[PDB]
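Have a look below at one chain only, the form deposited without 6-chloro-9H-purine (ES4), in structure tokens format.
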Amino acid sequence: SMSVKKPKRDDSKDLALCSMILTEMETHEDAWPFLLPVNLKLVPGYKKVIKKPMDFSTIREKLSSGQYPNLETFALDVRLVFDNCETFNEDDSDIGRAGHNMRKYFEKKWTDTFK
């Protein structure tokens, strides 16, 4: 509350560390369904169904241009990528499996880096 604060967590490296995690995501061999925005003109249903599209390149642009106020807003966009994937793809598909794999990969990096 007013003039009563928890000890200040060091957040000065957060931007650099999120960038490293994102680089590791970008270079994972199962990243290919998530590297670029889904083509809303060429993929029937996607625009109507997926209310907030997100992909790694859009996250990279947002990160590089100061559009994440903190590391949690960054994690929310990464998770959005895999939630979108689950909404539109069967679990038993290449893209469906890619999404599950990448989510697991991310959440371990996230825990190991910040928790």
Contents of the next structure:
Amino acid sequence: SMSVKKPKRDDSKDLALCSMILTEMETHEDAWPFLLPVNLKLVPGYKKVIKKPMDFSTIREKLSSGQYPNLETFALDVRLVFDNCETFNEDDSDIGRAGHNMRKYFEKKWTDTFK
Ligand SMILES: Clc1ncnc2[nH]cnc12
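Switch from the form deposited without 6-chloro-9H-purine (ES4) to the form solved in complex with 6-chloro-9H-purine (ES4) and give that structure.
Next comes the full complex, this chain leading.
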């Protein structure tokens, strides 16, 4: 509360670390469904069903231009990529399995890096 400060977690390396995690996700072989925004004009249903589209290139642009206030907002966009993937694809499709694999990959990097 006012004039009563909790001890400050060091956040100075957060930007660099999130960038490294994103690089590792960008270069994963199962990243291909997520590298670019879904083509809303070539994919039936996507625009109406998925209210907040997200993809790795959009996360990268946001990270490079100061649009994440903190590391949790970055993690929210990453998870949104995989949540959107689950909403729209069957678990036993290639894209569906790719999403599950990438989420697992991310969350371990997240835990190892920050937790
Ligand atoms: Cl690139 C692409 N095409 C169709 N559905 C998708 N879900 C996630 N990425 C997708």
